[PDB]
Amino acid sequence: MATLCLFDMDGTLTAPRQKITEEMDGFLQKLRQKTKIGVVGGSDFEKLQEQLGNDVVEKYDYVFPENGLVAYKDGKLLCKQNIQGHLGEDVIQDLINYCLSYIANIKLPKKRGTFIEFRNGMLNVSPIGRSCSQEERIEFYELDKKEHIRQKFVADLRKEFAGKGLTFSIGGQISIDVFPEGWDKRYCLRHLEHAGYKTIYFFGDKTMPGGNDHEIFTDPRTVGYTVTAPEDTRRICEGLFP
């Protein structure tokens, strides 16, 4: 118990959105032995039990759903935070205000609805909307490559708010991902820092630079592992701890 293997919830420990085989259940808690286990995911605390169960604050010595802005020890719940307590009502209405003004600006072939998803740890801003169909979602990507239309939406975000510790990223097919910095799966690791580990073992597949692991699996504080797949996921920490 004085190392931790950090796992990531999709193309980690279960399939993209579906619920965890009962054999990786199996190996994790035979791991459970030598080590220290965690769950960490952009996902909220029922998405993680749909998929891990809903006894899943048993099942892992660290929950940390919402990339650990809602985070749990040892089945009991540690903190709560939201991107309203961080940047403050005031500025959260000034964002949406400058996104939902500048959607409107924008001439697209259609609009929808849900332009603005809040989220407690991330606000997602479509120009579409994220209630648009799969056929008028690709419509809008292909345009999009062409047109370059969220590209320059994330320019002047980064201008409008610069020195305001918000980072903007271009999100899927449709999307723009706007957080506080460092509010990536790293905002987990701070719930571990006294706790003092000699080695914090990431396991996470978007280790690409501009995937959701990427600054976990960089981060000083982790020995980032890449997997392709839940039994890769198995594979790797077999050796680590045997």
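The term rigid core refers to the maximal set of C-alpha atoms that superpose within 1.5 Å between the two forms. Residue numbers count along the first chain shown, from 1. Compared with the form deposited in another entry:
- Core-aligned CA deviation for residue 107 between the two forms: 2 Å or greater.
- In the core-superposed comparison between the two forms, residue 28 has its Cα shifted by less than 2 Å.
- The Cα shift for residue 159 between the two forms, taken after rigid core superposition, is 2 angstroms or larger.
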The other form holds:
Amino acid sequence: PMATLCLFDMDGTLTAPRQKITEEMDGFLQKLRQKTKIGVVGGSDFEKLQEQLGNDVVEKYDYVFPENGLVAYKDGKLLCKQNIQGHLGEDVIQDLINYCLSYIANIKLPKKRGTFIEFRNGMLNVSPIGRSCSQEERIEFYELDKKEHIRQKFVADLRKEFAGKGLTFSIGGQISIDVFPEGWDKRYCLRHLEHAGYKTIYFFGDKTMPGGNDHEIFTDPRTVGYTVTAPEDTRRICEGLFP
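Could you output the structure for the form deposited in another entry, given that the previous block was the form deposited in one PDB entry?
Excluded here are partners and other molecules; the one chain stands alone.
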């Protein structure tokens, strides 16, 4: 076990998106854990991982990397911590926030709500409609956006305004744009693993194509990456690697 690590994205890879892991998947993972170390990484925060993977998540995985590894647990205890304001500084943080606030104020939408800017440890989540919107409101924006390309234009303008300042901008989900320091995608968690001496770090994700949130870690030479369709696919591949 100790020589290799199977590192899994959570949403769409270990669980159905935003849903609790199944008892079958949980049983499979602990059996797999007898043959390899296992870890989980995702953009969601620790409390969301607890809700989906169990309150005892840090005991069920050898590594737990909420927020792409900006928060990190090894063997049930916290590793070092970093956050966006500590890396970027308050001036750049405020420039980013001010630009996004002013930009959103000039977008004409059917509806606006609240939580246009969600401040997290490893990123800002920015939404023209507001992340507190209801499901009916979220789908309405999503369908409008696929026609008007509001988020695509926003991302392009952000890249122009902040070129060279060390930030990455990405379309996220149905209503948001993710703003984060370059390299603070899932690859960040590799910082906690690359010197541990594992013979192989396998990675499994469901969004490995360009623009997806597994793409960079999937293509990173430090991992042996696999694309999965759903948790059943993850099991099938893992059974082949660790019979």
